[PDB]
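Q: Residues per chain, in single letters:
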Amino acid sequence: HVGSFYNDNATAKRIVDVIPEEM
Amino acid sequence: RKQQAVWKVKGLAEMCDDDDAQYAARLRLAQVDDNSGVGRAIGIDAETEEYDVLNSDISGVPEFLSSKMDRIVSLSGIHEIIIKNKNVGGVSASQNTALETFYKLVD
Amino acid sequence: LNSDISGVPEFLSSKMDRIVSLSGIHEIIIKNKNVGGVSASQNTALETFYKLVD
Amino acid sequence: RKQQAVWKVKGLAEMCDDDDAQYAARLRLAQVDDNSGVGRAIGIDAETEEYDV
Amino acid sequence: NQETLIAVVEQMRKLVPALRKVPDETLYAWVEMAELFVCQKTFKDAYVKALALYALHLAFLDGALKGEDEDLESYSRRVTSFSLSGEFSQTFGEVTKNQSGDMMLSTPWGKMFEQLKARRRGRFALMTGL
Amino acid sequence: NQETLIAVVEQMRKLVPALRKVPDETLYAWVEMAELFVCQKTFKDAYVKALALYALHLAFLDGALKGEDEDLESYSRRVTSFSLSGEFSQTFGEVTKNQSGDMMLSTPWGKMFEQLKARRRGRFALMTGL
Amino acid sequence: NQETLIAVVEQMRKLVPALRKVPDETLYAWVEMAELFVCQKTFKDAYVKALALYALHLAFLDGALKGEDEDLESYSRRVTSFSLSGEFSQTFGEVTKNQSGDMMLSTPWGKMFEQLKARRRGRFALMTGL
Amino acid sequence: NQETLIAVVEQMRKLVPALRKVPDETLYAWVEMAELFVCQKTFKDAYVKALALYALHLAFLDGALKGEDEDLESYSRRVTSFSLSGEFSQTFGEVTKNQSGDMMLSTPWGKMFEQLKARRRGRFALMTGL
Amino acid sequence: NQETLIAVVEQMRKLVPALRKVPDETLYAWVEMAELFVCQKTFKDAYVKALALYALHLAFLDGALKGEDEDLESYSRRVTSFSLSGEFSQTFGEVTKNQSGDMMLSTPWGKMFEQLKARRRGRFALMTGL
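Protein chains in written order, with the entry's author numbering: chain Y, 32 to 54; chain C, 215 to 321; chain E, 268 to 321; chain S, 215 to 267; chain A, 2 to 131; chain V, 2 to 131; chain F, 2 to 131; chain R, 2 to 131; chain D, 2 to 131.
A hint or two may mislead.
As the list claims (entries may be wrong) - Straight-line Cα separation of at most 27 Å, DSS-like style, residue types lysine-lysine; simulated pairs:
#1 F/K42 x F/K118
#2 R/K45 x A/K45
#3 C/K224 x E/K298
#4 D/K98 x D/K67
#5 S/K222 x C/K300
#6 R/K42 x R/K67
#7 S/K222 x R/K118
#8 C/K224 x S/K222
#9 D/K42 x D/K15
#10 A/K45 x R/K118
Stated by the list, open to error - Some residues of chain C that are not near chain E, with every Cβ distance over 10 Å (derived):
#11 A235
#12 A238
#13 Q245
#14 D247
#15 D248
#16 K298
#17 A307
#18 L319
Think of the hints as simulated: they come from the structure by calculation, not from any bench.
Just so it is clear, CB atoms sit at the ideal spot from N, CA and C, and this is done for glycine as well.
The shape of chain Y in the complex, shown without the other chains:
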């Protein structure tokens, strides 16, 4: 499940959320 990996890891969270906010 990608939810736990998204929650625990900061690098994955940054990778996911860096682009939409910039747009």
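Could you slot chains C, E, S, A, V, F, R and D onto chain Y? The hints should help.
A: For chains C, E, S, A, V, F, R and D alone, coordinates are given in the frame of chain Y:
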């Protein structure tokens, strides 16, 4: 684990493994390794006991870690400035010159 | 009996670099030490932090 | 695999390879390698046991 | 205990004959002396046999049992040979030369005890400070 | 068990003759002593033969079987030679010299047992912590 | 099997004479003991001869065959010389000295078996983990 | 103390017979001399037995007990052999050779004491400055 | 084959006399035993002579041919000397001491075979994996 100090005794297997002798020996060892260092010495009984120190090295660990982070940057698809969040990696440029790739991706 | 201290400062700097990378803030703010890069104009190194704050 | 610690004992191939003795020996080895490091020492019995890295 | 003493003495007499003629009190004393060295938790079930082996080892280390009438001089020296005129002659020698200067490797009972200890617990001491 | 004891004793008597005259109880005691060291699992089918070999090795380690009437002194020393005036003379010596200070290499039964163990399981102990 | 036993015993009696007088059951027991050590897939055709060589080696390792009436003492010691007054004298000695503390190099049959194994399979074990 | 002396002397007479004929005052003096070397806090319960072992070791170090009438010369030399014409002959030798030039490994009592000390406290001295 | 056996036996009897009195069947058995070790492709034309040399080497390795009536004991031991009262005396010794613990260097026939093999093929094994 960079240094290991190994302590050898002549008779050490003749212990009950749970009695007072082991407790006293381990307390003595703990105190001795706590109070030793540079400027402090250990008295060793000859012909029945020795004391040796084993060393190691740490040569190229940071470069290995940097290479692994570089692989992560390459696979992710985002500029290293964003992910590593650390400038100075390259020489001081104007500003946006390093971020043009990220700006093109965002566009 | 002798020993050596070869590459401890680089190890500590690497661990601090990992902390900087994970935190999400520029290294100038966290390490609070310039000179890490060559002498630039001024805001050129802080543009990333300013974009984050905006 | 950068460092390897090899532990030698005089009589070690006399065990059943499944009884309580092997369990105790492996537990002792695990604890000793867990609690060792810089600033911590190991007590070795001479003339019957060695420790190399 | 008490029954342990009788069991150990009986095992010692079973393993080695001609020890039956020895008075029971000396065997008891040697068994109590051997009890100081032998552990109990490690050997568990084989405690009696281990105690008997250690008692035999201590009794035949370098010649310690001796007898009631043995002269005081013979405890630091032995007779290599003896002959009575033209009647008979005899020569004596040691039983086995051990290269290593280690006790418990001088008699077969010591070797048997050492291998039993290696089988049940082992011959090592791996420690860390508290 | 019980039938294992008779099987082991019968195998020992088959391998070496002249042990038949020894009383059966001493052989039983030596077999129970030997059973502490040997492990059935590894040996599996050859358990009886391995037990017989180990019992023989323990019985002939350095001279342990002896007899009922053997004097107590002879357990720490041997007679190198003996002669009766002008009637006869005789000299004695050791059976073999083992360079290594290792038990189980002093008698042929020990060597046979060691090679059997090497064939069935091996002589090694490779472990990692739990 | 059964015919293999007769073939092996007959080969042993062919190679070494004066073993014909030995009762057949002892040879059978020694052959079954030897069969535990000898492989079969490697030797293939030469199985009978290899078994005979190994059985002879085990029978003459350090003196194991002995006899029905041999005294129990002679299994841990030998007689070096013996003489009867002024009638006759005789001295005795070992057959050969092997520098290496290795079994199978003490008797010619062991050396023959070792070279046969080297010829057919070889003396090595090159392994990798599974 | 006083009862300790009686207990120690009685233990020495129990372990080794034929020492009963020795006058009690000499044993007392040897026990007081031995008490200078033996500790008490480490041994605790086994104090009497440790004292007996040390006293026996000192009494049989290289030959020290001797007797009332022994000549003064025999304290720096021994007789190797002696014979009376054609009546009888006799030869003498040392009891054992210790490779290491270390005291307490010359007699069985010294080895027993050393192993007892290793069991109860150990043979080491790990120190740091104050 | 068959004619090869007769040729090899005839060559063996030609090289060494006094082997003619030996019964033909034992020589046949020894020749078949030697045939297991000797190759054929390498030696080619000198096959018969190589087989004869190897058979002689195996027959005189450490004393294996013996005889019909030789006692069983003499296969693990020899007689160093023998004398009958005041009639005659005789002493015996080994033929040659080989420093290297290598078979085929104990008898002249083994050395001759080794040099023949070195001349025809060589003593080496240079291999690469498949």
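Q: Work down the list of hints and note, for each, if the structure agrees.
A: These are the hints, each one checked on the structure:
The suggested pairing of F/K42 with F/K118 holds, with an alpha-carbon distance near 12 Å, which does not exceed 27 Å. The suggested pairing of R/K45 with A/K45 holds, with an alpha-carbon distance near 25 Å, which does not exceed 27 Å. For the hint pairing C/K224 with E/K298, the CA-to-CA distance comes to about 52 Å; that exceeds 27 Å, so the pair is violated. For the given pair, D/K98 sits about 21 Å from D/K67 by alpha-carbon distance, which is consistent with the 27 Å threshold.
For the hint linking S/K222 to C/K300, the alpha-carbon distance of about 48 Å lies beyond 27 Å, and the restraint is violated. Between R/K42 and R/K67 the CA atoms are separated by roughly 33 Å; this puts the pair beyond 27 Å, and the hint is violated. Restraint check for S/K222 and R/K118: the C-alpha separation of about 26 Å stays at or below 27 Å, so the hint holds. Between C/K224 and S/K222 the CA atoms are separated by roughly 16 Å; this keeps the pair inside 27 Å, and the hint holds.
Of the pairs offered as hints, the one joining D/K42 and D/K15 holds, with about 25 Å between alpha carbons and a cut-off of 27 Å not exceeded. A C-alpha spacing of about 24 Å is found between A/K45 and R/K118, which places the hinted pair at or below 27 Å, so the restraint holds. In this structure C/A235 is separated from chain E by more than 10 Å, as the shortest Cβ-Cβ distance comes to about 28 Å. Its beta-carbon lying about 26 Å from the closest one in chain E, C/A238 satisfies the requirement of being farther than 10 Å from that chain.
No beta-carbon of chain E comes within 10 Å of the beta-carbon of C/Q245; the shortest separation is about 20 Å. Every CB of chain E is more than 10 Å from the CB of C/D247 (nearest about 14 Å), matching its label as outside the interface. Here C/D248 stays apart from chain E, with its beta-carbon at least about 18 Å from theirs, past the 10 Å limit. Look at C/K298: its CB is around 5 Å from the nearest CB on chain E, not clear of 10 Å, so calling it non-interface is violated.
Not every CB of chain E is more than 10 Å from the CB of C/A307 (nearest about 8 Å), against its label as outside the interface. Taking the minimum C-beta to C-beta distance to chain E, about 15 Å, the non-interface status of C/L319 holds against the 10 Å cut.
In summary, the numbered hints that this structure violates are 3, 5, 6, 16, 17.
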